[PDB]
Amino acid sequence: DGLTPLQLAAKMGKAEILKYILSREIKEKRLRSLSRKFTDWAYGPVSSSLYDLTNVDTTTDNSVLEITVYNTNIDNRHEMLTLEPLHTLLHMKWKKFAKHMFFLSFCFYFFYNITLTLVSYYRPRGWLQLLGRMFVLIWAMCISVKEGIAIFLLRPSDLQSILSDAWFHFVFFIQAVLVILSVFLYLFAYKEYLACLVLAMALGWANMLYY
Amino acid sequence: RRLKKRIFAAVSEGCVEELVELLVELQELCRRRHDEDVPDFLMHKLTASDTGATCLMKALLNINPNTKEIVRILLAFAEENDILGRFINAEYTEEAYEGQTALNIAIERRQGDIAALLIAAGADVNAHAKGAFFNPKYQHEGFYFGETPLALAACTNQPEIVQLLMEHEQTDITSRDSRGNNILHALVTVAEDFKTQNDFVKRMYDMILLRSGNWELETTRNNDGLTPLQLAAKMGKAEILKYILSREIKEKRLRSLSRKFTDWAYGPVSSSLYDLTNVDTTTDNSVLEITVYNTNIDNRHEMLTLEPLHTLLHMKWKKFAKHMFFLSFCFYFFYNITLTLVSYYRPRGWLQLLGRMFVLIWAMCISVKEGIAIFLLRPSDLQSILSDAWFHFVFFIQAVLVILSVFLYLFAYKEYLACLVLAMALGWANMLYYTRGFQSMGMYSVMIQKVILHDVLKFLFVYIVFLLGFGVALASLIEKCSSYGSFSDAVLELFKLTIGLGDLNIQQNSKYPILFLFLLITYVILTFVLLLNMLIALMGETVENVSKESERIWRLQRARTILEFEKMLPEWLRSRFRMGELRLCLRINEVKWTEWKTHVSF
Amino acid sequence: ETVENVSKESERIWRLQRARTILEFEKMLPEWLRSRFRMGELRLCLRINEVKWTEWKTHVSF
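Protein chains in written order, with the deposited numbering: chain A, 340 to 464, 480 to 565; chain B, 117 to 464, 480 to 612, 620 to 720, 729 to 748; chain C, 679 to 720, 729 to 748.
Everything labelled a hint here was simulated from the structure, so no lab data went into it.
Note that the Cβ used here is the ideal one computed from N, Cα and C, for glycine as well.
Don't take each hint at face value.
[Said to hold, decoys possible] Beta-carbon label-pair distances, calculated as ranges:
#1 B/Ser-515 <-> A/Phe-442: 21 to 29 Å
#2 A/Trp-521 <-> B/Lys-253: 57 to 65 Å
#3 B/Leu-177 <-> A/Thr-343: 33 to 41 Å
#4 A/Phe-377 <-> B/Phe-592: 31 to 39 Å
#5 B/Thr-287 <-> A/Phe-442: 52 to 60 Å
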């Protein structure tokens with residue numbers, strides 16, 4: 340299956356073996372390349388070290404951090420993530436860019452829901483609702499194609515039965531296809547568009563709790 | 117360029133033949149001189165240029181089990197070139213590790229006999245490792261020990277090296293660092309507030325004070341002006357505070373250092389005299405004031421439950437503070453009663484002025500008192516913690532409300548009734564603060580604060596999203612002419635439906651009544667069954683966490699009331715100190739039955 | 679009973695949800711402007735530093 344023993348312990352969830360392998364420190368010479376934790380200096384309680392990242396980073400295709408985060412059939416994932424050099428890697432990758440990207444996506448979804456509510460409320464039962487209706491249309495198209503790719507990538511259909519993050523992709527895709535179907539029914543002659551618009555508007559605020 | 121790397125690898129390897137052959141090579145290099153200078157060029161070739169580390173320091177960072185001959189012949193090589201006097205006190209030059217000598221690393225690397233050889237060869241003990249690493253901004257950014265070799269040997273649990281240092285003549289014990297802290301402050305900052313199986317720092321502080329045998333170590337204020345007792349009170353160190361506040365030593369010539377003179381004992385009944393040089397509000401800054409107004413600790417009740425703080429708070433309570441608290445409660449009760457009578461029995480005169488003047492003057496007094504108490508609160512960080520930051524705000528808001536309403540009554544505007552009735556509605560919710568006096572009521576008045584700040588605000592921050600979403604989703608599809623008129627009415631109907639009033643009639647003026655009924659049923663299932671009962675379960679968890687514990691917070695609220703009323707008393711008629719001198731020497735007596743039972747039981 | 683079983687534990691699940699958010703946004707970043715690797719070679731050799739006060743307390747306490 341193309342797995343390093345480190346990756347196999349990460350797949351099957353073996354905390355003590357992973358702790359030993361991720362911090363392997365041997366002092367005597369001619370056994371130095373086997374070690375992975377070169378300690379630089381120490382002064383009482385403050386110490387500083389160099390860890391190896393041959394597998395424990397997302398630079399490769401399959402990797403230890405990716406396996407131990409996307410793994411679902413174990414129950415000691417926090418006990419495996421709370422140890423170096425996975426924890427500070429997640430922390431540095433958070434405070435480098437991911438906080439800014441999360442806040443950006445949150446502001447875009449907030450503006451999308453605000454314009455959807457204003458369009459679906461201040462309706463004459480034009481000249482300004484197109485300015486904003488195009489934005490709702492293009493961000494609905496973006497969200498549905500993103501959720502469609504993320505669902506079609508979910509091939510084996512077994513990870514849905516576990517709680518972790520299998521629901522919000524479905525609800526985002528359902529809201530996007532609802533607002534797309536409602537603007538199509540508005541462009542056609544049928545006046546049953548109000549139900550499929552108001553269901554999208556009611557779901558668009560229950561989407562926000564994910565943020 | 118070649119030799120420096122060779123001997124720096126040789127001192128890390130430990131091969132002594134390489135050491136002596138580069139020794140005689142450098143000796144030939146420094147007997148045939150290029151006529152620049154011998155000693156500083158010897159130091160330049162021996163030491164690194166970027167960091168300042170010596171071969172001695174590089175040997176000491178890389179301690180091998182055969183380093184004794186290495187350091188012996190290295191100091192011998194420094195002796196033959198008579199460079200040892202300005203060599204053994206070498207130090208780093210970078211700004212992070214500035215001034216760190218080889219003696220510090222000899223002490224830190226647990227090498228007692230090597231450190232004894234280092235101090236025997238004439239090292240410097242008055243060093244100050246004043247780098248930015250040694251005193252960082254916070255705790256988890258470095259290692260603080262007082263940048264003194266004696267203090268480092270103290271905090272790193274090396275009592276024989278402490279004994280070797282305090283017997284030496286040049287080691288000035290009370291020398292303060294860049295922070296202004298001596299060895300006792302260093303031990304307090306190192307000390308741990310959890311009673312483990314062993315605490316070396318208390319025995320270290322004990323033996324250091326017993327070896328010094330005089331009061332100048334205890335009395336030296338730091339740069340922030342703190343006794344070590346006050347520093348332990350500031351940082352919250354319970355065992356160190358317990359040892360210092362009851363220090364009892366029996367043998368003579370160590371008697372002035374003690375603070376607990378026991379008078380007599382008879383079985384379990386004992387009687388003692390404690391000292392009150394710092395543990396009283398007579399000074400400006402003080403231990404009791406610090407350990408009560410301290411906010412960033414969580415063992416304040418464990419620090420207050422020990423003598424002579426507890427009986428001092430008890431005596432200061434039952435002397436005057438109960439009477440002053442009851443007096444303030446009666447005045448606030450009369451103020452609220454007259455405010456309610458004035459704001460109720462209104463003709464929409481001849482008697483409401485008699486009482487309206489009293490409301491006006493007590494409103495002025497309360498607002499200027501709360502304004503002084505808020506303007507004294509300068510740094511604006513203590514508000515984020517629960518303790519007593521709210522009631523000053525609510526008292527000031529009620530006072531400015533009743534003042535603004537009587538001003539609007541004296542003017543021509545008739546919008547005064549809202550700003551009067553808000554003051555009247557707030558004046559009774561103010562009264563629950565006066566339920567901190569009893570025991571079975573303060574634990575009911577702090578639970579409102581805990582539940583409001585933890586659960587109800589979070590639940591409303593979630594629930595407002597559902598309310599807005601379903602309010603727009605129901606007010607959108609109502610065909611215009620009914621009941622679900624606009625957004626400012628559908629949310630009223632949904633709040634009535636959430637609290638259990640109103641109606642759920644299907645016959646509405648909509649285009650899709652099945653969809654309208656489905657949205658209403660989804661809202662009732664989402665909030666009436668799921669969310670509100672989940673809030674009830676979380677509030678049950680909060681009440682279970684609080685009611686086992688909050689006697690501590692009631693005692694703390696009462697102690698803050700003690701110190702605030704004592705500050706409110708003036709210096710005139712403060713004839714309520716404790717005891718004449720023997729140093730005020732407060733007298734207590736007590737019963738210790740269980741320790742007496744276990745001691746007589748053997 | 680369910681809320682009592684969850685609220686003592688679910689900090690783990692919040693940390694796990696945040697870590698899944700990290701890796702999903704890192705997958706959403708393209709290879710272009712992925713100049714955010716860790717450290718030059720010495729094998730990438732990531733450098734950390736830390737404070738271990740309690741094990742230091744128990745070790746210096748003997």
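Which numbered hints fail | 2 and 4
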